[PDB]
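Please take these sequences and the hints and turn them into a complete structure.
Below, each chain spelled out in residue letters.
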Amino acid sequence: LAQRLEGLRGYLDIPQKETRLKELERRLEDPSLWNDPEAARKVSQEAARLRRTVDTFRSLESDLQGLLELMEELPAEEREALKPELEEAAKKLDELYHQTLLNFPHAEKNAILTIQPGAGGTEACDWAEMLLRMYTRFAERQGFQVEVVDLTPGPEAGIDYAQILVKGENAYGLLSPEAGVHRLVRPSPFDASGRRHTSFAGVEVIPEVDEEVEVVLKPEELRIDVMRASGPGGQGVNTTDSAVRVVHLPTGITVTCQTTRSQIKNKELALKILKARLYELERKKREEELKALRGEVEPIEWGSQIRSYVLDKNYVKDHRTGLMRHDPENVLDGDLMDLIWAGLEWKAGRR
Amino acid sequence: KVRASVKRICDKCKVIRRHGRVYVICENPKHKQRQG
Amino acid sequence: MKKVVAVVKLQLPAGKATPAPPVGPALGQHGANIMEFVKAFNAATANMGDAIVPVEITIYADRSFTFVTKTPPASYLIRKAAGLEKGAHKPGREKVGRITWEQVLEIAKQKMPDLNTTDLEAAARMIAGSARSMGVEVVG
RNA sequence: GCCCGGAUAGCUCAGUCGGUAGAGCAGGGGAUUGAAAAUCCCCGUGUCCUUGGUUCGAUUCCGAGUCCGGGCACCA
RNA sequence: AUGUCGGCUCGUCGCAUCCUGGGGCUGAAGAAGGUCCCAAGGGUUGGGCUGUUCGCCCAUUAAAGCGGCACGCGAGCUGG
Ligand SMILES: [Mg+2]
Ligand SMILES: [Mg+2]
Ligand SMILES: [Mg+2]
Ligand SMILES: [Mg+2]
Ligand SMILES: [Mg+2]
Ligand SMILES: [Mg+2]
Ligand SMILES: [Mg+2]
Ligand SMILES: [Mg+2]
Ligand SMILES: [Mg+2]
Ligand SMILES: [Mg+2]
Ligand SMILES: [Mg+2]
Ligand SMILES: [Mg+2]
Ligand SMILES: [Mg+2]
Ligand SMILES: [Mg+2]
Ligand SMILES: [Mg+2]
Ligand SMILES: [Mg+2]
Ligand SMILES: [Mg+2]
Ligand SMILES: [Mg+2]
Ligand SMILES: [Mg+2]
Ligand SMILES: [Zn+2]
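Chains as they are written, first to last, in the numbering used here: chain L, 1 to 351; chain X, 352 to 387; chain V, 388 to 527.
Don't read these hints as lab results, they were simulated from the structure. Treat each hint with caution, since some may be false.
[What the hints assert, rightly or not] Computed list of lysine to any residue pairs in SDA-like fashion (alpha-carbon distance at most 20 Å, straight line):
no., chain 1, residue 1, chain 2, residue 2
1, V, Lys426, L, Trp302
2, L, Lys22, V, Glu423
3, L, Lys22, V, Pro408
4, V, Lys403, L, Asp55
5, V, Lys473, L, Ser308
6, L, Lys42, V, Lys426
7, L, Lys22, V, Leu414
8, L, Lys42, V, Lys403
9, L, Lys22, V, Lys426
10, V, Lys396, L, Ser308
11, L, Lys42, V, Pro406
12, V, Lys403, L, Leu50
13, L, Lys22, V, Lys473
14, L, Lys347, L, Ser308
15, L, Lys22, V, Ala419
[As the list claims (entries may be wrong)] Here are some chain L residues pointing at chain V (derived, C-beta under 8 Å):
no., residue
16, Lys22
17, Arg26
18, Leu28
19, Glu29
20, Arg41
21, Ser44
22, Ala48
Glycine residues also receive a C-beta, built at the ideal position from the N, C-alpha and C atoms.
Shown next, in the form of structure tokens:
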């Protein structure tokens, strides 16, 4: 975490790529099309900031006993001159490390976890309820406004569904790696002979985004024809352009209407339908987008877990990274800040 | 180019009036205005 | 501000110097040595101090040069003079920090060899103004 | 567009001459159960859609508004 | 008693130009385009579906223009 942060950042890698930036940089090769220039210095600052990183490390490493003299001498100034450059250091130590992780699209949004009990029927419905209390307490004590969306207390035990809001900053970026399958091994409190069975669950997580609903269509967005309606009407139907036709060029969807004898009221009913059928293509694409934001995994059956929890052998093995703690009880109650970082490191690794 | 209100767009553009028509000439052709 | 022939002025810090971002292409584009300068520079920076020396370098075909050093921007001497990291964003109203009719005069002495106004009131003026230039009111 | 009828607890619905406000369901606390259901005690929350007015007072009686339910839009 | 849609036949006029002729801009390299200007002389195809006008589609083309003529034309026809 603190002592380890360095390595997994391109600690030795970056400091070699860094000069590759400035590499092609100099020698203005007919600087025509603007491209690297942008991500030229910004990618550079990253570099020599691994020194500010080894300075806040050294200033924080030369700080291990950087108070051995303050354990022998309390009053002075030659000992309060580097300190105003040491308090700020223990700050960036965290900064240049968690500002390298959360470094992705939209995380600072309020999150929305969802818990659905996988296999194991009733066990899973309960193990689900426990997984609920977990993030809750966590996010709760973590300084996050927690709003309960849903809670469907299933059949015999536990729940069937749960969805809650995570009001705060980077709430999503935090409770994001959690998204996935969570297994639970322990003798079934439900089973008869307190036998040993395995439980599964699903925990989805997504950023809060859409709040409004706007669907207005510019005139040029469409096209309106008018022709003589087909049907009864004697001279009328014959010599009037009562029949309308709205066509939305982009989608190609078109609507026709000869309902009433008024070209006018028919345009009205027309668009009225057109809109309706436009929101349907608007919501059809409004969800094929946000649903591809759930993932591409989680069959919620066996062998899909990404971190199991055991209680009759006290431990918690995170399959994703390999990490394995020995305090299931602590994890299931808040303790997460450990596996959350790591969870990211693993992930953000490929981007 | 062609329009109702023909005005100036530079410090370099004369309001020439040739053939009853109010044209506008500048160094850069993008400012060539006429009235109609 | 003398003769001209493919010159390229620019400011630099203490001994720290060579990163392409600040300098690097800054003079390498007009064909030159980041070598005969990265050190040749820290030959006078290490001697006078470790702040920000406005060094304008001229260039010739022999990738040659004449890096003339001057006093740090009047904007630096004025900062630390009141303990301010940045400038102030929007001056003219918020005086993040302040300086005295004298503290300003001091600096004036430090940059008077660069200006063109012997007088110490004349110089101090174009400094007291440098305050309204970054939101740092003058005490007086 | 016209003309009828609506909106009352979380859902489905009663109610009064103008002062009051309810049922079945869901829901919370208990009880039997090994543990659920069922069953059994105890429970409560509502501007009675909005916005005007009349009145001393409006869920209530009138103007208007929004959403939903019906019925008509015919001769050419 | 001024016969009402579409089609067919016969056209003719407009220009607010779909081609083709000229021309200014261009974010016009060239070939291609885009936009505005000038300019009807002449051109502006054959089919599938529907009574259809309108549209969509097939195969092309330099282009497959938009209108007015009692939404031209039933003492010229058809009559879906
Ligand atoms: Mg279920
Ligand atoms: Mg559900
Ligand atoms: Mg009839
Ligand atoms: Mg008519
Ligand atoms: Mg109701
Ligand atoms: Mg009462
Ligand atoms: Mg009741
Ligand atoms: Mg109960
Ligand atoms: Mg009970
Ligand atoms: Mg009650
Ligand atoms: Mg007659
Ligand atoms: Mg013309
Ligand atoms: Mg060309
Ligand atoms: Mg045919
Ligand atoms: Mg046919
Ligand atoms: Mg014609
Ligand atoms: Mg006719
Ligand atoms: Mg017939
Ligand atoms: Mg017949
Ligand atoms: Zn001009």
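Distance restraint between L/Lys22 and V/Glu423, which requires alpha-carbon spacing of 20 Å or less | holds (18 Å)
Between L/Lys42 and V/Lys403, does the CA-CA distance stay at or below 20 Å?
-> Holds, because 18 Å separates the two Cα atoms, which is no more than 20 Å.
20 Å limit on alpha-carbon distance, applied to hinted pair L/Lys22 and V/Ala419 = Since the Cα atoms of L/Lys22 and V/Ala419 sit roughly 16 Å apart, the hinted pair holds (cutoff 20 Å).
Proposed proximity, V/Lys426 with L/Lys22 (alpha carbon, max 20 Å) | holds (19 Å)
Please work out if V/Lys426 and L/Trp302 have their alpha carbons no farther apart than 20 Å.
-> violated (64 Å)
Is the straight-line distance between the alpha-carbon of L/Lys42 and that of V/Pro406 20 Å or less?
-> Holds - the C-alpha atoms of V/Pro406 and L/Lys42 are around 13 Å apart, at most 20 Å.
Given hint L/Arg41 near chain V, where the shortest CB pair must fall under 8 Å | holds (4 Å)
Would the hint on L/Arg26 stand, with a C-beta cut-off of 8 Å toward chain V?
-> holds (5 Å)
Is it true that the CA of L/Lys22 sits at most 20 Å from the CA of V/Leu414?
-> holds (14 Å)
Does the nearest C-beta of chain V fall within a distance shorter than 8 Å of the C-beta of L/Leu28?
-> holds (5 Å)
Would you check the hint for L/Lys347 and L/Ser308, treating anything up to 20 Å between C-alpha atoms as holding?
-> holds (18 Å)
If you draw a straight line from the CA of L/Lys22 to the CA of V/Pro408, is it 20 Å or shorter?
-> holds (8 Å)
The structure shown violates the earlier hints numbered 1, 5, 6, 10, 13 and 19.
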